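Here you get one chain, nothing else, as structure tokens; it is the form deposited in one PDB entry.
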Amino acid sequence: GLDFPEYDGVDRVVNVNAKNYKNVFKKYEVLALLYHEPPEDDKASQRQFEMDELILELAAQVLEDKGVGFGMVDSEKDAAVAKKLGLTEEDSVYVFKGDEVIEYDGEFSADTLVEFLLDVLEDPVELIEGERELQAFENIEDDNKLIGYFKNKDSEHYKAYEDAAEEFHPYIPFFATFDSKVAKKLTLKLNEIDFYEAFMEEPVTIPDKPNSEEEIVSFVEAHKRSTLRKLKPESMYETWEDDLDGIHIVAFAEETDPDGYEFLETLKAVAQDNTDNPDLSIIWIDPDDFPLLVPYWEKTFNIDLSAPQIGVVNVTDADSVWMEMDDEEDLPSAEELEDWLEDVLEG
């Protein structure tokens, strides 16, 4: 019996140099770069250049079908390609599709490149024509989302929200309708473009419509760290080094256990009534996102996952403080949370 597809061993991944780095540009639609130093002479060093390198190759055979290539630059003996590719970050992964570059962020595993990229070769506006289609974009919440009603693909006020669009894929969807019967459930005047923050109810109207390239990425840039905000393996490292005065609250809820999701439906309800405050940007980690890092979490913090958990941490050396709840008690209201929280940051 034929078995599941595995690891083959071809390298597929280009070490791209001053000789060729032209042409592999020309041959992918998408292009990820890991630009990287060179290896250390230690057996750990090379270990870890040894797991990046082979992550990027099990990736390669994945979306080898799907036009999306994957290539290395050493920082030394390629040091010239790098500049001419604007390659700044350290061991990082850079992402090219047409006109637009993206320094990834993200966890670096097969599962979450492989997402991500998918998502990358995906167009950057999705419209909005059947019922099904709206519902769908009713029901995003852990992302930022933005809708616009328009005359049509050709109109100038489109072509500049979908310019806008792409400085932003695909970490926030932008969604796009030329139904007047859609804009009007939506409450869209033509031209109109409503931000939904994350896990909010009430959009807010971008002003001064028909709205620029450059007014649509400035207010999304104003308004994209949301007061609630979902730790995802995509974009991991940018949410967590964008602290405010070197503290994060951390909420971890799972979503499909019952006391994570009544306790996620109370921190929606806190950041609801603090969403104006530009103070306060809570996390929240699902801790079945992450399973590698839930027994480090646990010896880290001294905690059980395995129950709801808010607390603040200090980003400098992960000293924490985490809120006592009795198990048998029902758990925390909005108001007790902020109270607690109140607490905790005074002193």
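For clarity, a rigid core is taken as the largest C-alpha set superposing within 1.5 Å between two forms. Positions refer to the first chain, counted from 1. Compared with the form deposited in another entry:
Looking at CA displacements between the two forms with the core superposed, a shift of 2 Å or more is confined, among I282, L305, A60, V313, to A60. Fitting the two forms on the rigid core leaves the C-alpha of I140 displaced by under 2 angstroms between the two forms. Relative to the superposed rigid core, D74 undergoes a CA displacement of at least 2 Å between the two forms. Annotation for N23: C-alpha shift of 2 angstroms or more between the two forms, rigid core superposed.
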Second form
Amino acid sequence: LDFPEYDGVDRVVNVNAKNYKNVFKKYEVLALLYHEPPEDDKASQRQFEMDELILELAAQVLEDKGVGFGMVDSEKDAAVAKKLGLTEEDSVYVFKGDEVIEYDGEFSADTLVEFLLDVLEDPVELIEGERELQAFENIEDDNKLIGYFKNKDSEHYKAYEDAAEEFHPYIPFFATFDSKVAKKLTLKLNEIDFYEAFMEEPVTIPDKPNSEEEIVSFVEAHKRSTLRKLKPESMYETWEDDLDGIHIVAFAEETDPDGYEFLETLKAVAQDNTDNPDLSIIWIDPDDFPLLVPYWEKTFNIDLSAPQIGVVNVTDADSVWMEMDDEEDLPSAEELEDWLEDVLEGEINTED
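Given the form deposited in one PDB entry above, what does the protein look like in the form deposited in another entry?
Only one chain is given; partner chains and other molecules are left out.
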């Protein structure tokens, strides 16, 4: 019942033009850190050595599951990086089957291993019976899809499974062969419903039966939800996807009664304005990022033991926050909408 400690065995090496084919052959799943060359100062060297140690621990933990880790220097190994498609420094590229999955989240052994374990699972989860259907309906912090097919041999299910591989493990794909589940979901045979994160009502993919290409293109177009949750596994991907250099950031601790009350108002506002293409709200639950809470309180000058919502300038990390006297001074849906209007029409921005 005790956490693993690094055993000193060198399992993570630099992946270069000489060895890369043998590395790909040695491992069923290969995760490659694409990194800039470390600077020569002692601090950057120490930081680089500590980064490699993180991969060594993950490689030890996942050795018996066919996972390997490597490192690609973006300058020294620029040619191999180009052939393999490694373009974003500090991203980890995970090779499973015919897909290349970009990891752009917290660089920690625990978060990396959890991600790899999700990668190793199958990309479609079946739903049969009432309890499994309830488990499906409880998912709201992720975009999700569900389709109804004849059986696992259906050409349309196989297209659906192939599409699921493209977005694995970020967007869970569900399938049912149970006409009673499908009827409850209002899914006609071979229809696919896309449930945007935190939305109650789905969007049916048009022109069924759907091909892999029709599903992929649909998901790409609905990928960005009106309300999306910051998660360690994807925090930098989410944070780097700003809209004109602005994030609306809502802090709410889901388990706290005041956070829940505010989060419920936020969800209701997102649902009523889900079609506004200029509206994108990031919900950060502070309990998921304890090491950042003091930094956020200092940088934004807010008390994160209470709900908050603001506009964040990503370049200078400048901000403006809705004025709430305390945790009990929460805005109504109408007040929150109007405040959002002000941020969108520019009435409320960091540059004033």
